[PDB]
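Single chain ahead, by itself, as structure tokens, in the form deposited in one PDB entry.
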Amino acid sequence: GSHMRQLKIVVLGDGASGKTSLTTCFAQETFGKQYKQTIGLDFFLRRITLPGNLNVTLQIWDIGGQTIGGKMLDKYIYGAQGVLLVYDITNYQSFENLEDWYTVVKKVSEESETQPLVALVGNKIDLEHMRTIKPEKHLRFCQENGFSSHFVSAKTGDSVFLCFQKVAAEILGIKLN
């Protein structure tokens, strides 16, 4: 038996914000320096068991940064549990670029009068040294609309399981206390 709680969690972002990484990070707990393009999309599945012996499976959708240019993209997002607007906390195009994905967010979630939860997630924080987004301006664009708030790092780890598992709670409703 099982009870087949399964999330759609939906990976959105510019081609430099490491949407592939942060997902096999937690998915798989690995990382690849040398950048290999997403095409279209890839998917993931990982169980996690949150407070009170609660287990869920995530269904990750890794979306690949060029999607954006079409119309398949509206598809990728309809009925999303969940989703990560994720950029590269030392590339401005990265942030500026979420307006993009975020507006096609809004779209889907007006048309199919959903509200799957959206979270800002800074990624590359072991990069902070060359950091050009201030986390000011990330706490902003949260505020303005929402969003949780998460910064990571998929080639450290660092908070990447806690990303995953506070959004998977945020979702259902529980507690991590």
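Positions refer to the first chain, counted from 1. The term rigid core refers to the maximal set of C-alpha atoms that superpose within 1.5 Å between the two forms. First, how it differs from the form deposited in another entry.
- Once the core is superposed between the two forms, every option in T49, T132, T30, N145 stays below 2 Å in C-alpha shift except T30.
- Residue displacement note: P116 has its CA displaced by under 2 Å between the two forms (rigid core superposed).
- Put the two forms on the same core and the Cα of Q59 is off by less than 2 Å between the two forms.
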Second form
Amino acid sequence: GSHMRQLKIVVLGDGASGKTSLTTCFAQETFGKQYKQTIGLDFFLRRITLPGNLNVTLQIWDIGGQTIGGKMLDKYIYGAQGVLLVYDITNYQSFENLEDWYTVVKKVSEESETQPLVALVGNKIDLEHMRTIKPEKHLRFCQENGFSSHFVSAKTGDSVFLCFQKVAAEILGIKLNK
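What I would like now is the form deposited in another entry, since the data block earlier showed the form deposited in one PDB entry; can you produce it?
A single chain, with no partners or molecules, comes next.
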């Protein structure tokens, strides 16, 4: 027998960073019958084919309005093979607070004996000329913790598909060459 290959990715970060915009931007290609199959659930599914004709379904979880201490947060983070730490490049506190989001991820990782792929996602790159987190500051946070680095715009779609695709590939031990 052979079963579906599914990877769970959770999207974390402070309110107003663009988490729901980001997840929706990636979900849009599935709108119609497939997205409707999980309407009102905690996640949606999107199938991608990674290089080498590797079919995988991504199960993408938006935490909604959950805060760091939310007692529902566990179902989002436990089992997550990929984690997006999302901030708004124009909102400094959203970046600073990612240390605290990452503390929860480390705690879950240690308990679960897992090593999820963690991506730092600077959203709103369409607003680059008004950013309050410089690229160098973002890349320092990535270097300190081994995060995958992404600058995206959920509004316009810039780099969004590639962020999820790269995270999926890295979960499976593949560095995509582009």
